[PDB]
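Colleague: Chain residues, written in single-letter form:
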Amino acid sequence: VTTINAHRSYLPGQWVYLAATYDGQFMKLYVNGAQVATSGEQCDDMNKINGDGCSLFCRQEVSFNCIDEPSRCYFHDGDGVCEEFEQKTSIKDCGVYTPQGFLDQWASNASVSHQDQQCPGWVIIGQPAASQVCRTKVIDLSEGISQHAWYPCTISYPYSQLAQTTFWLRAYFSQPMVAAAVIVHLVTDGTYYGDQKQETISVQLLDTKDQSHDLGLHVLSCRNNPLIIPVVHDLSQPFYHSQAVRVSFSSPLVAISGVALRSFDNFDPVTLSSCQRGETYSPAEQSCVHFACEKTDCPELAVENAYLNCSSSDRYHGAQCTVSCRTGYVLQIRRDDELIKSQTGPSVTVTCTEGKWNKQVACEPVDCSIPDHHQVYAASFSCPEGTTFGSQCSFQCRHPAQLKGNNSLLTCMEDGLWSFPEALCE
Amino acid sequence: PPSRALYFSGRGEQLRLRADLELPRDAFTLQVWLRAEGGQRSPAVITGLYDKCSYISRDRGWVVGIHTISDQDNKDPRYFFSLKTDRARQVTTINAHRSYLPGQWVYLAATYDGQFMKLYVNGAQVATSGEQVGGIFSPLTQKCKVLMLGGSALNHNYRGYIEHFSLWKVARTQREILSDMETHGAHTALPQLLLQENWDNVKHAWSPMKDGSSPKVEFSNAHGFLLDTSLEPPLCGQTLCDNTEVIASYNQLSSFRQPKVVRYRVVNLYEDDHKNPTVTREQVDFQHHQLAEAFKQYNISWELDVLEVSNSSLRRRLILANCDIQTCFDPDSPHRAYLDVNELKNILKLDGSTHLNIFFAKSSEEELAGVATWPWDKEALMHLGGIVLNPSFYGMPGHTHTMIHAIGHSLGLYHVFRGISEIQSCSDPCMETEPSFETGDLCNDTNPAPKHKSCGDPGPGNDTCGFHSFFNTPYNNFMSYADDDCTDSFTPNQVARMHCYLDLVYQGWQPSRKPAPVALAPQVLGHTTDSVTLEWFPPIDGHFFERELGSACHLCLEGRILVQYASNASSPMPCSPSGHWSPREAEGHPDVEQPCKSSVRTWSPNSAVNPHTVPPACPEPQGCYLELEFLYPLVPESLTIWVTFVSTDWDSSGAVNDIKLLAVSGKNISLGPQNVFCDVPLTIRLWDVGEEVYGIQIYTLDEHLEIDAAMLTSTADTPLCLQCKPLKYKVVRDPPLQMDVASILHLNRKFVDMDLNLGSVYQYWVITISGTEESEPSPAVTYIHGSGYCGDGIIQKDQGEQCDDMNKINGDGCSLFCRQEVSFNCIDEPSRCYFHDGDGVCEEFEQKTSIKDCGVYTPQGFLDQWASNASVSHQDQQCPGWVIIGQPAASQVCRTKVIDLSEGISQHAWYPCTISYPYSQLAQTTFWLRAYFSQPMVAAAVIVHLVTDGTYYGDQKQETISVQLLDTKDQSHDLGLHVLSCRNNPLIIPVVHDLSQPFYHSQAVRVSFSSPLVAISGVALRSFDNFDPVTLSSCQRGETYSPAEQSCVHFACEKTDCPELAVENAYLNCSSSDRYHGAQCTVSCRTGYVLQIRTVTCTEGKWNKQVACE
Ligand SMILES: [Zn+2]
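Those protein sequence lines, which keep their order, are chains A and B. The first sequence maps to residues 102 to 142, 879 to 1263 in PDB author numbering. The second sequence maps to residues 12 to 336, 403 to 1171, 1186 to 1201 in PDB author numbering.
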């Protein structure tokens, strides 16, 4: 048999409307014309009577949803159907809220300081009981609290030795994942008559290298269920995984329903390995490959008066080829046909990119510049083929600077300097 | 026969090689031993090749010499090699790595192979360039070349000694340079060595210039130096006891800290009737008893000798400490009613070389009660030095641990917070950022601490420099500023300093006649097949002769050479009314911390307060003059003058107009004008004076010339030093010697042992002997005969060696203790060391430190994107704001606390020159710049390259900058306020981004600062090469990568791996026709069938869940 209760307490001395409808598949309960509960095992209500979801001021009450015209209002928190907007509020229906682009992994195994049959420590494993609203200023924890939660049952309430009892619990997950946030769903807030002050829980994250990273001290309250503790990471430092989460507190009344790690979807720091541009990380192989389905093949590239040495026989994706200039030629490298930083060394690495080359390399000859009085004074340097490498051309000393010698021509040498004048005029 | 040498006086003495040699053209090597005296000309050409006929350009050829770089500021001189072929468009100069040391022999070798120019100083490659290529000159012009030695035609003369001049025709490698270092003329008739001169006869291959101006052929000692006994103190230290090894010897050895009885004398002023004491006998008794009880646990036992001075006039007059000058207060009138401490010391004239005098004077404001004279101070051991204490706080409970603090200050103990709260700026390398022997207090045991009036570990706060959370601070240390009830002990690393300074400086206070031990262990010079040679340093006290009271044995050097400073200064100018820059500051040993920085510890010809308040004092013909007098008149050989600060206009062009030596007979010898620099003291060699000299007169036409000290080196075997008795040494070895030489008096300090056996282990130590009194044994040296050691040419890494170049000399790139030097990299089996930083080649270890070689070091897995657009709050033509665009100029070295920023800073960085310098408006104007980047990306860190720390001379407090990040939506995400320090000039500001909040794309970076002295040469974003917010945007299971549309491609293969699925008694509704990767197909169980799940999702051909309808 299945029973469904109303939404609020009965009001003495009032007229109420009760309607129960059962079609053989679904049964519902209607109070004052409004659907309060249903199971299958702003507003205008044509009245000015409260309790049916719409007040006399035509205002929708809390924990009610009103549709249609005239407005019919029904209860949505706990009805068993997770609507498009119940995720944020209705914990008892949709569980916990997972933001778009995140994944929540709940605790797989748990280790606590005090393990006993009546208060087992493996209750905070798996999905918690989000339908349980926490209890404030609780006196006894023997009713259902130990069923879907954990608490130090073996430890009585301490009055003087409570300052030295360091309660701790460590939760290990099946898989290691980068910790973006820590979810702590509670069932107790730690408030008590004998201990008015609450308890602040400090959470420590344990990595795969057994190192503890402190997340700081954070307060704990019922209004913040589930308690989301962000993981503040220094972006300059490399990311680190996490496999175990440690929760530390001193108040024996602190009971945790569940501990979970909220992480991003993919781009894990496993891909922080040697998987750079030109290759795609494998689905699950602990390694990165470069040819899954990409047809990114670049055509063979040749540079005039230059030396090319490719690291691979074929100029396929990820193939880096070193380019150097012949003696008497300078190296000019332009990334994506644009002016960028040059290469100090005599070799430039060019990588294939989806049928195109990342940078263009040119071995232009070294210009020796137009000669002047620096090389030979009182002379005219008239010569046809410019001032590039190998482009020899002569001079003529004007009157009265008579020139004596067999040769009176220079030659722009391989080091970018004009050759020694074999004859000097006086 | 002993080698000869040439002396060039720098006044016209030059030589030219004859025309019968064919000078090298394609490649060459020059090797020369040279001893350069201080105060050279700029540029003093040691030797160079010059072209006379070619008048269009007269820089053709090469030139080696000494020239000053940064001649505008601090003018420091270095060895330079300059070359310009007949093809290159300019001259190329390569300098040494450090300022040249005067009076020391240097092996200078400059090589050129046709592609590179290399310059080795003492065999270590200190400069390398490759701008010049090709031959130096063609054969046709070969007849128009002249090799000049000692100067050029333009009188770029050289002043000093030259020896063993070798000029080659091929570029000798560093190995051959080192091998040819030791030959000293043992060169065969090679057909490759062009010229080798040992100056047997100058006219064999050289000819003089002018008419008869020729250098002086003299005899030079053939470098008997086999051990570098000159151990330079660290940068932060002041004396030899600050050296790492010398103080480590005291830290480890317990025989170096034997009990010591250190005398001290307490001054008690009395009236003529012996009443009214300054401090009662009870007070002095209590203070002395407490001091003895607090020092006797550190093996020091003070001996008290109270002094009774009965002078009513002195007692009546009020004595004041650190005061600058019954009711008469006229300073001129002798009946004034006040006396400074130094005036009291001058009146008393107490001999402080035998006692630690305690002087009493009121110190009305009491936060530094005890004024102590440091051991390295000039006044440490004379009448005007001692301890100054408040008489009312001398022997009263709660006012007693102030004498121990002053005494510790008098034994060379810095305050424990010296590296934190006693630094001018955060860029000072003397900050104890970590416990070290070379920074701050120079004690490893004392943890860094800030200044604190109370005791107890101070928590985080507004640090003066910017470092918070000091842990394990020595709040209970004596040298801290705690109270008298919570300071209890000296750490057993600060006691070692006290014992070192008692052995070194204060040997006269103690009555025990134990000569100071040899501080450092004997060094194994080399082993033969059956012997060994050991050498050791002189005693730590620095004296070589026995100490005799009233004699000159305390100044005699090793070769009976008497070395003395000035002892009686004078001047015709009336002295300063304030007293600063008095002639008395030009006495004793040099005491200036930094060259050419106007200090009150020198003699300035016009002290005054404001310049040009007095009409020109020094006249045109002769100028002002300082007359120094030496204690012991004698016949001198060399004279050294420490000229510290010279005005910019008088850039060594006659700063010291004359130096007149005054004879005992009264005749005057004029030396003529000299040249002076900052760092190098001006040294002169006096040539056949022939008669005793008692004083000098230094003339000057400069109104800011600051003479710091003087010196008068005597001739060898001076009459005074003959009667001195040299110290002797006794070497003991772990197996006892068969016969023990009772005294090994070796002027080289060398011991040759022949009673050795192969495969055995021996230990050697040295005991000093002064007459019949022995000393504490020197630290033992271990020697395994037939095995390796330090100084054998083989790098045995198991012994801690990192370089071993077969020698025992510092400055060659490998330290004396087989340790690598600073900024020197040593390779090959005999360690050839070269100056790696800046040689144009970036190696594997130069990446993380050499900013100007390898650029900014980007860690693996990251990527630096520099600014592509800039904007500033103040833009001007003189100081443009677009300089920071692009990669920065890493060659620039940061400058701290400089008033003028126009020295090329704007050409490489941006600084706000538009604003005026504010005296009180510095907090009213906020400066900012904003740099936009070409490609916005994630912000992992911000890199800001700085040129200045933004510190002013009048503001010791540093500056802080606030950096803000702007995302693609122009939202300011502040990164925090960060201090400005040039010890980490590439400023890395990490980004602390919470992992829950989605990452943004930073478009621009905004950086704000207050003071206008801050200069930025570039702002960049350090970001991950891979990963981005685009991955988090929309890329689910099966979406690998799409084109540039901030998305991933949904169908990238894996569309046929999953075969057709069949479920019994179930209905399949497939959204997609083909069961591709992650395909969704709803499964509905028929009526009466229970649904079991283990919408199914395909996963690489395998269904993620199993659906059945039972
Ligand atoms: Zn002090």
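Derived from the structure by calculation, the hints contain no laboratory data. Be aware that one or more of the hints could be misleading.
Listed next, the in silico BS3-like pairs over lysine-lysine satisfying Cα-Cα at most 25 angstroms (straight line) [stated by the list, open to error]:
{"hint": "1", "chain 1": "B", "residue 1": "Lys591", "chain 2": "B", "residue 2": "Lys307"}
{"hint": "2", "chain 1": "A", "residue 1": "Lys1193", "chain 2": "A", "residue 2": "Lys1132"}
{"hint": "3", "chain 1": "B", "residue 1": "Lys214", "chain 2": "A", "residue 2": "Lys1178"}
{"hint": "4", "chain 1": "B", "residue 1": "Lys286", "chain 2": "B", "residue 2": "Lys214"}
{"hint": "5", "chain 1": "A", "residue 1": "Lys1241", "chain 2": "A", "residue 2": "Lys1196"}
{"hint": "6", "chain 1": "B", "residue 1": "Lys455", "chain 2": "B", "residue 2": "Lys271"}
{"hint": "7", "chain 1": "A", "residue 1": "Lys1241", "chain 2": "B", "residue 2": "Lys874"}
{"hint": "8", "chain 1": "A", "residue 1": "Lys1132", "chain 2": "B", "residue 2": "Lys1132"}
{"hint": "9", "chain 1": "B", "residue 1": "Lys674", "chain 2": "B", "residue 2": "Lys271"}
{"hint": "10", "chain 1": "B", "residue 1": "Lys271", "chain 2": "B", "residue 2": "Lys63"}
{"hint": "11", "chain 1": "A", "residue 1": "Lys974", "chain 2": "A", "residue 2": "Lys929"}
{"hint": "12", "chain 1": "A", "residue 1": "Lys1178", "chain 2": "B", "residue 2": "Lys154"}
{"hint": "13", "chain 1": "B", "residue 1": "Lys925", "chain 2": "B", "residue 2": "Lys874"}
{"hint": "14", "chain 1": "B", "residue 1": "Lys455", "chain 2": "B", "residue 2": "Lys154"}
{"hint": "15", "chain 1": "A", "residue 1": "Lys1241", "chain 2": "B", "residue 2": "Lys63"}
Colleague: Where does the structure disagree with the numbered hints, that is, which hint numbers, in rising order?
Modeller: 3, 4, 5, 7, 9, 10, 12 and 14
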